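We begin with a single chain expressed as structure tokens, specifically the form deposited in one PDB entry.
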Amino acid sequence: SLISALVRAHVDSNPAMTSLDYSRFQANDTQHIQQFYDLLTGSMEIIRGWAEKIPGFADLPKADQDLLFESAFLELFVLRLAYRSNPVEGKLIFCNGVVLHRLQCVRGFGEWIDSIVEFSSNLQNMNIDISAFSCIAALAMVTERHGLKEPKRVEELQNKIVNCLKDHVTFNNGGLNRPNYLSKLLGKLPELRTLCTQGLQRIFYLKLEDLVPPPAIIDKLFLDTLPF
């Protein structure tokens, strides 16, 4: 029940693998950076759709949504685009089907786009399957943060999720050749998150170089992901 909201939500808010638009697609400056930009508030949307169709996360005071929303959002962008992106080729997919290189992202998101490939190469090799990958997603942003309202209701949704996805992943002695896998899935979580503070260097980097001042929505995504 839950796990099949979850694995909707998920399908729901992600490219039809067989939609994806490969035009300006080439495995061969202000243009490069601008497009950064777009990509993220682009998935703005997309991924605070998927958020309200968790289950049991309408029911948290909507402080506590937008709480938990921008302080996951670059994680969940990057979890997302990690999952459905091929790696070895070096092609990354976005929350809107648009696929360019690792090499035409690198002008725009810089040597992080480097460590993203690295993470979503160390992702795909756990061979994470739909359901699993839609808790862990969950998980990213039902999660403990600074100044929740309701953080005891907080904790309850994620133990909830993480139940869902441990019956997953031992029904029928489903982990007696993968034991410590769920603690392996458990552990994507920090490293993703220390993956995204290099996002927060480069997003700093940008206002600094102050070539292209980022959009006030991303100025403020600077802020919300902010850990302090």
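Residue numbers count along the first chain shown, from 1. Between two forms, the rigid core is defined as the largest C-alpha subset superposing within 1.5 Å. First, how it differs from the form deposited in another entry.
- In a core superposition between these two forms, the Cα of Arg178 is the only one among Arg178, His168, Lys160, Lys53 shifting by 2 Å or more.
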Given for the second form:
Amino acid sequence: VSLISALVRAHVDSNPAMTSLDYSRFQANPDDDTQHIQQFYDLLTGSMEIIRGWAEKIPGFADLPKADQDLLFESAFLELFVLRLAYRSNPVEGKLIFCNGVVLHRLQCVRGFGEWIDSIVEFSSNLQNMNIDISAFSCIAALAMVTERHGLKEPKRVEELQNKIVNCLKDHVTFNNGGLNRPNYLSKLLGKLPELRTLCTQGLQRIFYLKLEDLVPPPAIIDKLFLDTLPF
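Pass me the form deposited in another entry as well; I've looked at the form deposited in one PDB entry already.
Excluded here are partners and other molecules; the one chain stands alone.
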């Protein structure tokens, strides 16, 4: 199996299928609930598990020390939640498609996600305007996780894996352009990664707000990851 094939499989097998989406909760025009907050947390915790399975399907990832795996996964989690949500969704219709296949309107997400959902949809729109095929996306997603972080036990190995993925992506882009390079396109593509950082911080801000509001406290796994991430 080629590396890009393995990256595509990791992506496809960790995303809901277009042929089995769940519309049973969707409302194009719905009518503060503790319910919306709870669901917001459920969507984050359900997504953690699926992204963890995705990460374990990236060749080389399971070869890293357990601490390195945890560091990479935990540091990238919210970025990945946003990236994959934005790729899967239908921003023009205001349709968010979560990793379990549940389709919800933007207006349904507003009570749980606050403003952050609006930032997500905007980024989705910008991302989809770039016409990133499945193979290129699979590489980009991997690169949001397989990246330099401070305090890795095997940073050279992470860097080699990063470089292998970058080279897949490069060859893929060039091949799909009939053998000519697209170095500016590749730049714009990799430029989507720094933009995920802002979206991550906005997700942290939402959890911060909900924790302070204290109507529904975050569940232990979110609380722990949230608190451990804080510089204070």
